[PDB]
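Use the sequences and the hints to build the structure in full.
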Amino acid sequence: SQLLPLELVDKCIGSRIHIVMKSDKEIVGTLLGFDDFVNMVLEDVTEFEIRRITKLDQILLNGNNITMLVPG
Amino acid sequence: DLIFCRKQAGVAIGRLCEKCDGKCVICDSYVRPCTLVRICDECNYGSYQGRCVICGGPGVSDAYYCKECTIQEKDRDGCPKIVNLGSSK
Amino acid sequence: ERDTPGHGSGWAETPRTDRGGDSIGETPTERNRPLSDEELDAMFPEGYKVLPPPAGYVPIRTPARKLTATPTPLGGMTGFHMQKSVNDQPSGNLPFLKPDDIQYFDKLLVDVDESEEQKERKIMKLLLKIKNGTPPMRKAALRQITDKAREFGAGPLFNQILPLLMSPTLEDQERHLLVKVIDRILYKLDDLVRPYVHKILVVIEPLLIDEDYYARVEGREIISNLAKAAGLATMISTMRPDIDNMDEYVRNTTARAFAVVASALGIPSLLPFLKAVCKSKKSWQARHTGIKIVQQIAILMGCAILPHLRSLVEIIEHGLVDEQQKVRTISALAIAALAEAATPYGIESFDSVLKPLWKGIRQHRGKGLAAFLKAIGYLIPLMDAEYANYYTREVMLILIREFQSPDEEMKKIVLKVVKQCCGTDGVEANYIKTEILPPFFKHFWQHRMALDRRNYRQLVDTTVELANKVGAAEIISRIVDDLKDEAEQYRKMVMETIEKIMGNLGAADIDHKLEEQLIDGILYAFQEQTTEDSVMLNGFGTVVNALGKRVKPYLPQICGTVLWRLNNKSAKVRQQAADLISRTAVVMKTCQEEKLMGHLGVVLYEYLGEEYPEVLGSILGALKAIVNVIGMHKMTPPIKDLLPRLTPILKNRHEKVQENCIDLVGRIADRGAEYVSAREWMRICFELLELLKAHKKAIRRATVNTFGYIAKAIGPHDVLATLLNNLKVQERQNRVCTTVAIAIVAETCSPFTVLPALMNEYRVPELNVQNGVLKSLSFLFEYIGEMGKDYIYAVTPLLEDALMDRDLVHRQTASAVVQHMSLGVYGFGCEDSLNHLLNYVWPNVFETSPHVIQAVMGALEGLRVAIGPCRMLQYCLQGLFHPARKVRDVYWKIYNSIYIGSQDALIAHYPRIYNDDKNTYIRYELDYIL
Amino acid sequence: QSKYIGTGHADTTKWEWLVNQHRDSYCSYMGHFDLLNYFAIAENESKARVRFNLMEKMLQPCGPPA
Amino acid sequence: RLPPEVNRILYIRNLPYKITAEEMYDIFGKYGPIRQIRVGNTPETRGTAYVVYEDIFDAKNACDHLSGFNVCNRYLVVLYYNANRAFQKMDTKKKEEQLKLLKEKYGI
Amino acid sequence: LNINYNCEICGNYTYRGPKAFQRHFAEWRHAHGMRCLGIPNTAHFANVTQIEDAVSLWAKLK
Amino acid sequence: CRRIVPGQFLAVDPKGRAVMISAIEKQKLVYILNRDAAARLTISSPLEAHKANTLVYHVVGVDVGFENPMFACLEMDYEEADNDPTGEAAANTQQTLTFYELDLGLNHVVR
RNA sequence: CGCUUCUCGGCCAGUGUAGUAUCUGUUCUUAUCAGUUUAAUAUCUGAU
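So the protein lines, in turn, are chains 6d, 2L, 2G, 2M, 2K, 2F and 2I.
The first sequence lines up with residues 10 to 59, 64 to 85 when you count with the authors' numbering.
Okay, so the second sequence: first residue is 7 according to the authors' numbering, each after it adds one.
The third sequence lines up with residues 300 to 328, 394 to 447, 454 to 485, 490 to 1304 when you count with the authors' numbering.
Okay, so the fourth sequence: first residue is 15 according to the authors' numbering, each after it adds one.
Okay, so the fifth sequence: first residue is 12 according to the authors' numbering, each after it adds one.
Okay, so the sixth sequence: first residue is 402 according to the authors' numbering, each after it adds one.
Okay, so the seventh sequence: first residue is 112 according to the authors' numbering, each after it adds one.
To be clear, the hints were calculated from the coordinates, so they are not data collected in a lab.
Any given hint could be a false lead.
A short list of chain 2G residues far from chain 2M (calculated; beta carbon distances all over 12 Å) [stated by the list, open to error]:
{"id": "1", "residue": "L728"}
{"id": "2", "residue": "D758"}
{"id": "3", "residue": "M971"}
{"id": "4", "residue": "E985"}
{"id": "5", "residue": "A1072"}
{"id": "6", "residue": "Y1265"}
{"id": "7", "residue": "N1270"}
{"id": "8", "residue": "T1294"}
{"id": "9", "residue": "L1304"}
Covered stretches of chain 2G, as calculated for chain 2I (at least 3 residues, CB under 8 Å) [what the hints assert, rightly or not]:
{"id": "10", "stretch": "677 to 691"}
{"id": "11", "stretch": "718 to 725"}
Here are the simulated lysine to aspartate or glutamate pairs, EDC-like style, with alpha carbons at most 16 Å apart [said to hold, decoys possible]:
{"id": "12", "chain 1": "2I", "residue 1": "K162", "chain 2": "2I", "residue 2": "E186"}
{"id": "13", "chain 1": "2K", "residue 1": "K105", "chain 2": "2G", "residue 2": "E1033"}
{"id": "14", "chain 1": "2G", "residue 1": "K1071", "chain 2": "2L", "residue 2": "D7"}
{"id": "15", "chain 1": "2G", "residue 1": "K1071", "chain 2": "2L", "residue 2": "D68"}
{"id": "16", "chain 1": "2F", "residue 1": "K420", "chain 2": "2G", "residue 2": "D521"}
{"id": "17", "chain 1": "2K", "residue 1": "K100", "chain 2": "2G", "residue 2": "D405"}
{"id": "18", "chain 1": "2G", "residue 1": "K602", "chain 2": "2L", "residue 2": "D7"}
The beta carbon of each residue, even a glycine, is placed where N, CA and C say it ideally should be.
Structure follows, in structure tokens:
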């Protein structure tokens, strides 16, 4: 019955996601994929300080500084 | 409700859809195709160009007759273009 | 009563004149219209008293209105008080009574016997068992009424239906059924229906003019069945007065009626009537109708109008010049429809029509104008491109000036025209390129259009034909840029258009740069699909298979998307991309991009664990087509891996799976089939066996053919031994497919092996498997043909046993065996036995049981060709004149079937027959001796 | 069946059945060249006068109905 | 603001076989003037009655409130009567006199 | 049954039932009136009542 | 050899356009001919002359240069001859010459 | 997720259209003649 978090990340693949660093930074783009360490592949990602950059292509975002993941 | 038109047998090659595709028309059967289908453009015309000789879809192939109906010589009667109870065309 | 009827019409409109005039001078000064006791004895049926309660009672009633306002404003309110019952009201039915329907079935709120007619009405509520209830009830009740046709007679029936086929709240399912009753009883009653005929159409004709496609076709069916069923002069004498009936609706429909009755009884029967109508000088409204009639005749009878064409037209010309407009309008319209059934024929019959038409074209404003086009356009194909040449050159102008109208009736018309005008052999290329195109693409290609249905199609067509002439790159060049316009239906349109064009014209014309714009396009479209639709997909496939090795630089971008899409985007879109591979297999091959074949092979291979059916299906499909390009022994998931990997899927229940799977398994177990160790197969067998629960034909189809393929791989005995065990519980002919295995199997090694197993297995006491083996022989001989010249003997005694009764079914199926044998052997000389069997067949001749009989007819027909007539006829002599009816019925039906074929042979075999007083029955010729 | 001539039914009269097979005898005799020549030889005429005669006897044979 | 099917007629049921035109006329009398009434007096139609008013909206108010209304120990089935159907037991004839009459007096 | 009816071709005869009429049609005397009238027997003429109409029907036959 | 199926008598036009074929009785069909695109002979679809209970003695192509073509069916009806209990219609029938007329434009064939 | 213990396993009540078959229950072997009907019955139709 338990909902595993990695399963929650898995289903948001190909969706839009907000990724919230432990700092005051945020990235929103399409979630292409992730690994066990929760490193993350984003596509066409907006970078924010809470608009820094419009990324075009694929970003590997180091799971190290990730704090929160938000589908949508 | 469903029976032959049996109008005269022209030179127009028969046309069958996906569904009907294997069937020797009168013997209902897949067996031993040999010889070829003819119907009247009266039966076969226009929207019926390449239309199914049964169901009303587009023809992807050409019905072959069985041999069974062959030696019983039925293939030579009026054109087997089935008319349903409603206006065939 | 007919004369009476029309009298009642002239009445009706005289009345509407009185009232309408009364508010014409009243305006110089409906359902609520007050009523008379004769009028009031006109509605409610028989069997009710009118009342009086009191002249004081009916005085308060008389006081009611005046005191409805008066006592509407006065004192009242109502007060309940806080404080051995009985009387359970009896409602409902086995199929049950809706609340509303009480009004019809009310008399099933009474419970009695001993009333006689009323016992027939009260027994005809069998309907309700038609209208509502369970399916089986509907069935059985339905026949029970059919055989009760003659008996109750129409009158009571239609008296008791037409209310329901009129029901304000009648269900669509209920509609269609109650139609079924009207047909079915109309297979019977013939002379009977006469007084009812109009009293039928009035319900039906609305149905004939029906939005639903299947509705209409039913309607037509029964209006023939009636009209032919009744008499011609019945139909006519019936249906005049609806011609001038005020409502345009009833005319309109009334026409389509006459269309049908005319398809029934032929035009020329009916002509002098029509031709009368269009010369009716009383009023036009008729003529508007009569002409319409011509039309719907045109549409229905269609290609067959041809012979009386000239007459029909000879009606309709006298319209075009008329003073009233519509009559012009509709008229011409008909000419159109005619020609459209005329196609390239009867040109000069239309002949005397033109010269007005052309002139008429000039002077017009409005719907009529474009109508005349609708005609001319459908003419031009019928002319001589010298005469047609001239006349064409005149039209293409007005056509030009008229692209632009807001009218949609218009744009349809002028459109279809261009198809024809510039749809011509005798028209010059550049000219189109200049004058027409730029308008064309301008005003037409717009978002108004494609949202609508017809216009969508008609458009596509037209543009296509402008391609077939001016070339390809011209068109496609101008509409490429719109794949990237947003809204779908539009895109869909450009897409399919192109698809056709590079269908017909061929890719070969297209330049380069434009082409980049294609593939960039055809992806950009393909990447965004609202639904999954065949359109973009096919349209693509054709694109590629046309471009051939011009395509090659573009793959990486394709297959790149193919994968990317393939994954994510969540599964709905997956199957699409899958198919996309399905169709482009061939292109990935011959160009020899093998890294691609590594990619596909293996990565598809992974998905085969995908749980959604509608993906996995398309997945396999892709696999199949992948196999048809790269051979077995080069398969990158080398079969050993694969084929088992499939094997467990076969449970999958869901459809598309079972299809593509068994398909796949088939290809591979046909072609490679060595790659996989036997054991695996026999697992496959024991898994196949219950694929024979398939609701669908195609599955079982390829299923069987596979069963064979493996049966080759292994060898027979087992696989039939195994089939012998299978299909025990198949319902009503479901198992047969197993038998079909026994057959195909029995070919694919020498059946000459297998029989003894089979034959012996008819010993088993279990009845239905017995008959099973009989059919096995049936399909068996059907599939072997010549070879039967041997094992015939083997079966013959068995056919003797089975053919002798246990039950019908034995005789039926067995007899079928006789058939296919009897053809197959033909003329190798094994008759003797077949004669012998003929005996044990013969008595079966007599029965009502439809399957047994049409079986036997099967038998004796074939047997004729095997034995020859002369022997047959020697069974059929005595029968002809046998006193009884029963026998003569049949022996005649046989002797016919003998007779039609081989009539040429007989002569020899009529026996000598002694000549009587008035006549000579001895044919003296044959005895002339040199 | 009906529009295919020579069709019978159980009401078929003696006379009609026999006249049928007469006629068909004939269109055979016109047919099979030899058989014809046979007749010609026996009863000495032309081929023609044969065929002609036959095509007289076509409607008649047996004589009037009953 | 009305459904087209309903008509100045109502089929009316669940009646006793004793029951009175006096009761009837009174009760129904609320909504508006009675065109007239019929009562099934016959072996089958004993138990039911038809009611017709000088206006529909009369009847509308009727089927509105009288819906399932009570009499004695019974709830009256209250329905808008169908039409067309079996009437043609009569014929439409008897224009001639009348329409000559409007033809005459008013001259119109 | 016991309902008044009449066949015109047979002696303007009276029949008391509608089921009776089909039996009368498949009958000796009814076929004698037809065939001796020149209107040949069996199943095309079944619905006959008056002598006149089946004469034009038989002209349609031959 | 049938009574009703063509191939017995055979006739054909001067201009070769169309060819008529006939049994002895009841059936007369017609095949139209035109040379193909390359002037190689393409055969039309058939037609029908059907007329009931009619004996065709002999048929012959007719001459009309570039017209709707004609044919001569020598005929006789026997239908009179059956329904004459007497044996008068046996005599006193005369064989009926009829010219049928192909008509291209309309494409049927009319007595 | 790793380790230990125990259990098991593998290898060397669908649906729709048309149609027939087969049990049981209920009614009649019962007066004459005239028609319909049947191969002949039967059956159906009237009155004493």
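Hints and how they fare:
1. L728: 40 Å, holds
2. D758: 39 Å, holds
3. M971: At about 61 Å from chain 2M, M971 (chain 2G) clears the 12 Å cut-off, so the statement holds.
4. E985: 59 Å, holds
5. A1072: For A1072 (chain 2G), whose nearest Cβ neighbour in chain 2M is about 36 Å away, the distance exceeds 12 Å, so it holds.
6. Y1265: 8 Å, violated
7. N1270: 6 Å, violated
8. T1294: Given that some Cβ of chain 2M is not farther than 12 Å from that of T1294 (chain 2G), nearest at about 5 Å, it is violated.
9. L1304: 6 Å, violated
10. 677 to 691: holds (count 4)
11. 718 to 725: Result for this restraint: holds, n = 5.
12. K162 (chain 2I) x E186 (chain 2I): It holds: about 10 Å lies between the C-alpha atoms, which stays within 16 Å.
13. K105 (chain 2K) x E1033 (chain 2G): This hinted pair is violated, its Cα atoms lying about 72 Å apart.
14. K1071 (chain 2G) x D7 (chain 2L): 23 Å, violated
15. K1071 (chain 2G) x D68 (chain 2L): Cα-Cα ~20 Å, so violated.
16. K420 (chain 2F) x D521 (chain 2G): 14 Å, holds
17. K100 (chain 2K) x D405 (chain 2G): The given pair, whose Cα atoms are some 9 Å apart, holds under the 16 Å limit.
18. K602 (chain 2G) x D7 (chain 2L): It holds: about 14 Å lies between the C-alpha atoms, which stays within 16 Å.
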